[PDB]
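Colleague: Each chain is listed here by its residues.
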Amino acid sequence: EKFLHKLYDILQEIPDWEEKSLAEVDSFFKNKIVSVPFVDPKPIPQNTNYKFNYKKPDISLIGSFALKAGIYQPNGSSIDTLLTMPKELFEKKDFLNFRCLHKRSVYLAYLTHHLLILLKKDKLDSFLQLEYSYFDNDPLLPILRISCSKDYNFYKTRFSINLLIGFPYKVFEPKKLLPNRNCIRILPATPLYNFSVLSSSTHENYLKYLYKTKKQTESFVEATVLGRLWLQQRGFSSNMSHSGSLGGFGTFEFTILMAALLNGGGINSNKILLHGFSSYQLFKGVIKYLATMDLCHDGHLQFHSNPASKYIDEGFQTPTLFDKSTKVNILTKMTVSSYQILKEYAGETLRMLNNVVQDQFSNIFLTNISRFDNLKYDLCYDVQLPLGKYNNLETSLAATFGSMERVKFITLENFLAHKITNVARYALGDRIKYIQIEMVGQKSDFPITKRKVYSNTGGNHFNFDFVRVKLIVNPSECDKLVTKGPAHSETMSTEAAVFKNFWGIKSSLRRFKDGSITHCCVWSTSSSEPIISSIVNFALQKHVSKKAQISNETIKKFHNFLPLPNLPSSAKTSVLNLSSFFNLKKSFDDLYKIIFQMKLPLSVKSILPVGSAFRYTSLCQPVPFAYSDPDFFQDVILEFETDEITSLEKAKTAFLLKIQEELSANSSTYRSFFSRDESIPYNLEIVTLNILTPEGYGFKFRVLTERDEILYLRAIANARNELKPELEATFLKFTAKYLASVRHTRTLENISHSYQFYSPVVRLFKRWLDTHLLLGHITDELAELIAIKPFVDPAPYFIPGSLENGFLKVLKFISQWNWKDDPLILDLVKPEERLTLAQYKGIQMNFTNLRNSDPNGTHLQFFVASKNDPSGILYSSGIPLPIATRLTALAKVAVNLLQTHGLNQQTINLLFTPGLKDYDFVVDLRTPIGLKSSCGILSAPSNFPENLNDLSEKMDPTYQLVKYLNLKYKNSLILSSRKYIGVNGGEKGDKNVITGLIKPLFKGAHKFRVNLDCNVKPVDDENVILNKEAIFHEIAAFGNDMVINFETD
Amino acid sequence: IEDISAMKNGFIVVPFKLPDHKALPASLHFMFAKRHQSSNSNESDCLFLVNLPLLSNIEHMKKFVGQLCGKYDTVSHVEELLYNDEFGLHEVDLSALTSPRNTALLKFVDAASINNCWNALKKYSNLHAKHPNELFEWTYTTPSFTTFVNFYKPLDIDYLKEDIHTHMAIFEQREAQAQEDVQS
Amino acid sequence: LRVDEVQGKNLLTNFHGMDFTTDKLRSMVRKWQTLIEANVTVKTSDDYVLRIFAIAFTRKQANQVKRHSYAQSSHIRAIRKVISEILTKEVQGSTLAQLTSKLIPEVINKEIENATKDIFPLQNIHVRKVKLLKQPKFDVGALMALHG
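Residue numbers (UniProt numbering), protein chains in the order written: chain A, 125 to 274, 282 to 317, 326 to 445, 453 to 788, 794 to 983, 1010 to 1116, 1128 to 1237; chain B, 3 to 27, 32 to 105, 120 to 204; chain C, 86 to 233.
One chain only, chain A, in its complex shape:
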């Protein structure tokens, strides 16, 4: 404030200089160091008969500071100080053909020059910095910017000062400057010119109205800061959004709209916003309004800064809040896609504020969403634009840039931006939801010695390097094969004409099975990129510029890392194809009918599959006969119609005998055998009936009976007090496998068919965790739930619609997770049976009691619950805290590599490579046979062998190795390995690694106990230290023929 008062004194000291011509001011600012930042196109001596002038301007304050609603910006804010021009300096024919604009430009040039001289007098020049900029990045409006560096040293305030020179109230006719009106003679409207000049004419009056409403209401400043911070986290500002910039709406516009809503708002002009509201009331009201009330296409809003606001059903195809008191459109800095994306954010925040069960404040206000563009947007392509020169446009750009072109898009920035925007938007259509363009390289500032900003990089002479096109896609309409066009008649319609023209060679005329005659254009999907990518490639290089270069190698590498099944046409088969899953389901349903028509001492009550392939989450897509796949034999819970554990289990096996007998009898095409199952503890009689189907598919059947859980609870009750927790763990495993498994696979199937991309995202996540060897400890369902967390809970983001976006959101969430304090509770449900607040409180009290009896997760680290499981433990138990922290550190280091090295295929390969460090020992093994082809991932099997023992021969034993080895040394050693050799075994899929850490307690020596449970070597006659070399030798003995190398700490 003291500094601004000194500035006002300095200005009142600044002298005035008179009417001069272009040559006079030219010599003036040629022999002065300051160069007039002239607004393009510059004035010319042949078309300049009016003259120039500067007098003492009209000082004032305006902005968030004048509204007293500024905050302590960490990066730094600024205060706008307006200095309008004299109405005597103004003539009534100055609002045509850049006259008043050149007026403002020379006004500001002399102003900054002589304030610089007064600075050279006052000696604040050693710490003060003076420069040019554009009012909210508006090239038609240059402004002065004052900053400082480390007695008016205001640099610690981190503020800045904006010197703007508008025009007085009602100098030129607002109805001659209405957006419809033309004022650049060469006839088309000049909306941007209209906006700039009229806003400069009526800046301060808007501040008067804003302050008046701030005095009429009570929580106005709070609502202002609320909206400002919401928008700031959203990545929104008041700058001109026409230039490949997301903006046009910030604090100033937010406040004007809030005041207009207090001045009306409805279509019936009535007061939707009431001056008695609170902060949250006002903010929720305004967000609900911008979410429910279109302002661009089918309706617009109306008010008067001096009369109630009224909504009308005419949208001017541009965000239009129309002030009649000034004849101005408020949002004139806003692009249509910008308004759309802001309205979508508005609806999202509305639904958040309507969430009654879970709080949403942390996500709404305390999360910056604009940090990683590939998280904020599903699709993003880089396009180098070597456009070149002002004259070289005629040969670089396909389109034209003529007189009306420049009158409309005064800036070639706006021209190119909007051109590529519209061409991509049309040529894509429903394949996407929302579009944005980012002119990579664009700037706003420049020193005083210049006439504008200047750039020479990226094959251009304009402010950018290249263009990054961002898209929020629609998945259900993404992988649609054909680009459908309009119908076909003899007299070619206007729509069909324009369509065929736009599509050139791609256009054609195809007929369909239903009998329709419509134009179209067809593509062929690729298992390495999306058809949207092909389309943007073609349309961009066709209707914009033959010199453009286009790619997204990032998404290329994502789809490359995706596993490719050894299937015909898999090369052209996209990600969103589930044909393999459907074929497996169909074979299984045939088998289903066979067993249901079988006859038995019981009637078959139900046959429910619980296969990961069924729930669309297996690492790979199934391939007939590819039985070396770990996920080949899918589980099928068989349940029969309605007292000792052993007799019960052997009766189960006897029913399997009968089934297998009748099956070998009357379904000889199938093959069958019995496998000992030992995945469940302390049950030594469970037998799974493996069935082999000439669709090359394999299942395992297990009889479920209610007497299982009955006898299990009986044993729980009968066990000793210290023995209890072990049988608790065993019963938990049983429940996870037999009941919650079925419930989970059901609900997950449903929500996946609603969220398509969930299946590929979770498959990629499983791949990544297999590369990181954590799969030996992590159970599939756990990872599935973690990876479904982003879709079912997208706050603040949007639902992912690209494999990259989904993978990165999963990793971001895991990284920022704090399982020690934070729980996880998922509302498994289609988009708009969610949890009651009652169930929510129940799950939360569950979490609180668990974390009370375990405040540091030595027994349970990740806690995740849902309707299927109100316990939050079923897929999280049995995981060591070293594994947990290793996972979280992996996520964090990955997010940091992304933060730093930039997103590239190299960073992705760095993600996929395993750390293999911190491992007390690392055994590198290779299996004698190759297994990539047999596993059926692309680098082919074609029957079942004649011996089932030889099926087993082709199987993979390293899983057995690591599991049983952990069973033995589970008292002393923690191990990890690779589960899927067919993807993580090199070029043959045959290389694995056993990475192990020592338990830090048995690391040392201890008392020689009868139940110490380790291979030790005493250091004395009473104290015993662990026997490392013995351990390694025992590992070598166990894996004698497959251990190839050992590497110690």
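It is worth saying that the hints were derived from the structure and are not from the lab. In this text, a Cβ means the ideal position worked out from N, Cα and C, and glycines have one as well. Each hint can be trusted.
Reference excerpt, derived from the structure (chain A facing chain B, CB under 7 angstroms, subset only):
#, residue
1, 797
2, 824
3, 825
4, 866
5, 1136
6, 1155
7, 1196
8, 1199
9, 1224
10, 1228
11, 1229
These stretches of chain C come out as covered by chain A in the derived footprint (C-beta under 8 angstroms, 3 or more residues):
#, stretch
12, 125-139
13, 192-203
Following the hints, position chains B and C against chain A.
Modeller: What follows is chains B and C alone, placed relative to chain A:
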């Protein structure tokens, strides 16, 4: 580490030289053995063993005791070995519930054999003390791809049928008698 | 079977309810025997909402001198509560299509008879009729999955 031939708690350290594996540029697996005191009739003449190597079976127990007997010209006839649940897959007897880890018992034919092998192992400890290279070499019965594919091998239908048959039979018998007694 | 989606000379269908036949129902209502009906409105996974039905009749004990064989209201009350119990269990467990797969081999019909036979005999025992009254939202993806 050389003079550590026994433990003050009465147990005994047993070294074992481990051979040269190509992936490693020689340890001596330590075991502890102490005579048993249990009132179970089948728990007689037992050497409680602690820290057996991987897959210590009756074969390698016979091999070790034959090493000791051939050295110390002694006679120690092994009878049986008990409680070799080296993986912990029978820690809980769920069956009769609902109706000594890393250690084992080594039974001998008689106290003669057990005391003779006990002398031999005392002198084995003294071998650890004085001459560390006179100590035996422990060869793990090496599990290979063959025994792991054996683990993968499906079960035999005849074994399944016969076992289910006899199990269900005896269970039906015991259940019949139980009902008779209950409602008698 | 209701039609939801279409594709050129090829229009697909999904579940829309189940009825009995009038002639079969008339034969089942024999004289001198208790009839018993019970029903519940209940939700599935893919949140269709439906009301399913159930009917059963008291059968004569194969050796019984007395022809009427009528249960005892107290009998009836209990039977309906168990039927009601069993039906709600099947509807919540079944997503929608699964109930379909559940009804066709009539497992429901038998679990009933099973939990029932401890109260009073009973014969026939069928689902009889199921109606749909609140389906969720289109979701073109889920409908395609059912078709092969």
